[PDB]
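K.L.:
Residue-level listing of the chains:
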Amino acid sequence: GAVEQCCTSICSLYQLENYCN
Amino acid sequence: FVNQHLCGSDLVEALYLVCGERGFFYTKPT
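Protein chains in written order, with the UniProt record's numbering: chain G, 90 to 110; chain W, 25 to 54.
Derived by calculation from the structure, the hints in this document are not laboratory data.
Any given hint might turn out to be false.
Facing chain G, a subset of chain W residues (Cβ under 8 Å, in silico) [claimed, not checked]: (1) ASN27; (2) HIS29; (3) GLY32; (4) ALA38; (5) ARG46; (6) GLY47; (7) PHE48; (8) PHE49.
All C-beta atoms, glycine included, are put in the ideal place defined by N, C-alpha and C.
Kindly generate the complete structure, drawing on both the sequences and the hints.
P.N.:
Spelled out as structure tokens, the structure:
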């Protein structure tokens, strides 16, 4: 899955958009 | 960009703020 990957620093809201549908 | 800690709960609310209107994939039913 994709849970523990940002709450321990800061990823890139961009790749975050790739977490959508 | 600005963001402080993102995990499931915070990654979903931001995901939607991110996804704008597009849905996402966090958990599946059964």
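K.L.:
With reference to the structure, classify each hint as holding or not holding.
P.N.:
Results of checking the hints against the structure:
1. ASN27: holds, 6 Å
2. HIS29: holds, 4 Å
3. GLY32: holds, 4 Å
4. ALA38: holds, 6 Å
5. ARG46: holds, 4 Å
6. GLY47: holds, 4 Å
7. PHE48: holds, 4 Å
8. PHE49: Holds, because the Cβ-Cβ distance from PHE49 (chain W) to chain G comes to roughly 7 Å (cut-off 8 Å).
Hint violations for this structure: none, all hints satisfied.
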